[PDB]
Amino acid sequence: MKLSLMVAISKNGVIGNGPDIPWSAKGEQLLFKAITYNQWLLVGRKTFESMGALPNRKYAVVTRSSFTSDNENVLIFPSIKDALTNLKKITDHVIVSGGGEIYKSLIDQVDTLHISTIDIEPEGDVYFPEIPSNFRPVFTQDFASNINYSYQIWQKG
């Protein structure tokens, strides 16, 4: 099973401010929608609650509490180990989709990074982890918008 990771990181490293993404870069959300269409997303419970079960995605959510959801496209796991064990029986690809805790847990395990660098320095208290030295960018594209952003794909090895 392949693990991808997709995130939008502002220029000071902030990805979140409490429950919010502290910016709106019009058009960048299209990248996220396109890459996650009909994919399995691995998300922390906090991010899952902020995003909801958007249509045409499948969600593996990790929680330490009794969190539940009766949506048939949502599977809830009590650990990341259990999530990954179960996911590899049912899919060949999972996209790690946040938030800070889940990114920090799994950054050393993922194969492909989708990073949109957002041209803003917002307030916030959630940051992206350091990127292991063995990742290299293989694709870059710049976008002008209300907040500019640059989309880069990194490959491991």
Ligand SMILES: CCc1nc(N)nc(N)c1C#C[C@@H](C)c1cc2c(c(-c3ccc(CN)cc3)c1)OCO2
The other form holds:
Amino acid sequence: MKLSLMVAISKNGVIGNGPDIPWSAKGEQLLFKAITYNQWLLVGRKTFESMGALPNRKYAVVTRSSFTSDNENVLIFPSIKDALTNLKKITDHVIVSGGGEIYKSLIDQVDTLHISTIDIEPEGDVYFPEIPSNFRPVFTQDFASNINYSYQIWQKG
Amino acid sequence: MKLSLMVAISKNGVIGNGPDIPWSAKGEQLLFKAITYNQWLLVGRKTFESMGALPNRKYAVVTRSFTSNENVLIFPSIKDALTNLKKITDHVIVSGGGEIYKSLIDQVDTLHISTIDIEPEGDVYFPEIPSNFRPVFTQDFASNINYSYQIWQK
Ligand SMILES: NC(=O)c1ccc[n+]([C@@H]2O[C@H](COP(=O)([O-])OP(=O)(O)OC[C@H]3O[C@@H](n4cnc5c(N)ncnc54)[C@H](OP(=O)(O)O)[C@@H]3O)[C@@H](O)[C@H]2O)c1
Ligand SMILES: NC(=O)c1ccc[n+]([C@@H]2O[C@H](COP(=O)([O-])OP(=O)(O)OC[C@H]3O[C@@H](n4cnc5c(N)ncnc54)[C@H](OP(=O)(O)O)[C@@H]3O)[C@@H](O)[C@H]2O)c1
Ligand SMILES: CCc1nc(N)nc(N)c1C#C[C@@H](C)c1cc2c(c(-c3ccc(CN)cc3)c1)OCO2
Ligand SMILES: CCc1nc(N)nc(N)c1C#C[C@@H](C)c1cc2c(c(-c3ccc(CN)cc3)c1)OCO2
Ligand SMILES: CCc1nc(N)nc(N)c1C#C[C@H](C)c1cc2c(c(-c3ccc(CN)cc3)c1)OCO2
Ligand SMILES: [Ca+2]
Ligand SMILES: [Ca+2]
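Output the structure of the form deposited with this ligand bound; the preceding block shows the form deposited without this ligand.
So here's everything in the complex, that chain up top.
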């Protein structure tokens, strides 16, 4: 199983402010929609409560509580380890989709990074790990919008 | 000016049947929408006429004969289109169709190729890919028709 990771990071390193992403960069969400279409997303419970079960995605949610969901495209796991060993039974690719705790726990295990750098300096309290030294950028594209953003794909080597 | 190219190619090489893309692979259009957002697209007249003008894109259209929208620039040759585009942008995405892909494949820097798991009828093919391109990223998608997205770099 291959692991990807997808995140939008602001210019000062903030990715979240409580339960919210503290910007709206028109167009950037299209990258997320395209890369996650019909994919398995591994998400922390807090991010799942904020985003909800959006259509055409499948979710592996990790929680240490009795948090549940009755949605047929959402699976609840008591640990990241159980999520990953179970996902390997069904799929060859999982996309780590946040939030801060899940990115920190999985960055050293992922194979491909999708990073959108957002030209804003917002307030917040959720951050992103340093990119491990064995990653190299392989594709980059800039976008002008209401808030500019740049998309970069990194591969582990 | 960097030139990218984006195309969806079926498994027998067909990209078009007359004016149509001869399949519907749900989800694949999201890749095209995401990569082209607020970008300059270089398109042949047949593709532009067949597709129209998506919102939030800018179009450089080549024709030998056609008029148009303040987001659409029309040029009488590919040479003229590229010379003028270099004045106003640092990046253009070649977005079809077959004639334009065959004219520009040797000049582009980055390929976005979605391989569509279908063998449709059709009469428009993609050109041979120069040997100096290598894939740098791949992701597979299961859908009503499966597809695989690859990015190649020169
Ligand atoms: N691209 C972006 O900018 C982006 C993308 C996604 C999210 N975010 C932001 O990230 C923020 C949320 O991040 P966050 O760090 O507070 O929370 P989070 O990572 O979304 O979820 C944390 C919760 O996941 C569970 N958990 C974590 N590690 C676990 C483990 N090893 N085993 C089992 N369960 C585990 C726990 O749930 P329980 O408390 O239920 O036990 C934990 O409280 C939001 O602001 C959100 O908008 C930003
Ligand atoms: N699968 C995909 O990803 C994808 C993406 C785009 C399009 N397509 C397909 O591709 C097909 C259309 O391709 P096509 O090859 O028939 O047409 P095309 O490349 O879209 O446009 C051809 C027309 O562009 C003008 N033109 C071409 N070269 C020129 C030059 N050097 N200078 C000035 N004008 C020039 C001419 O317009 P005038 O005739 O007006 O002189 C030509 O008739 C459709 O089937 C369409 O569905 C597929
Ligand atoms: C066909 C798959 C699949 N594909 C798609 N598109 N949507 C789905 N909803 C499922 C599914 C599913 C369920 C049956 C499922 C499948 C699994 C599971 C688990 C699981 C195992 C242990 C715990 C511990 N609480 C929780 C859930 C559950 O572990 C690997 O496979
Ligand atoms: C396939 C997308 C697509 N994927 C990739 N990787 N590269 C691309 N260069 C295109 C494209 C395109 C243009 C021509 C375009 C623009 C459009 C389109 C459609 C369209 C697509 C599928 C059907 C189904 N028969 C009908 C139309 C196509 O609908 C309005 O605007
Ligand atoms: C796009 C940002 C984005 N960009 C990139 N590069 N990587 C990412 N990982 C995300 C993200 C995110 C999280 C999971 C998130 C958190 C949310 C969300 C939504 C949301 C997304 C799309 C739609 C479309 N209707 C609606 C909601 C998404 O809704 C409020 O909490
Ligand atoms: Ca764990
Ligand atoms: Ca020519």
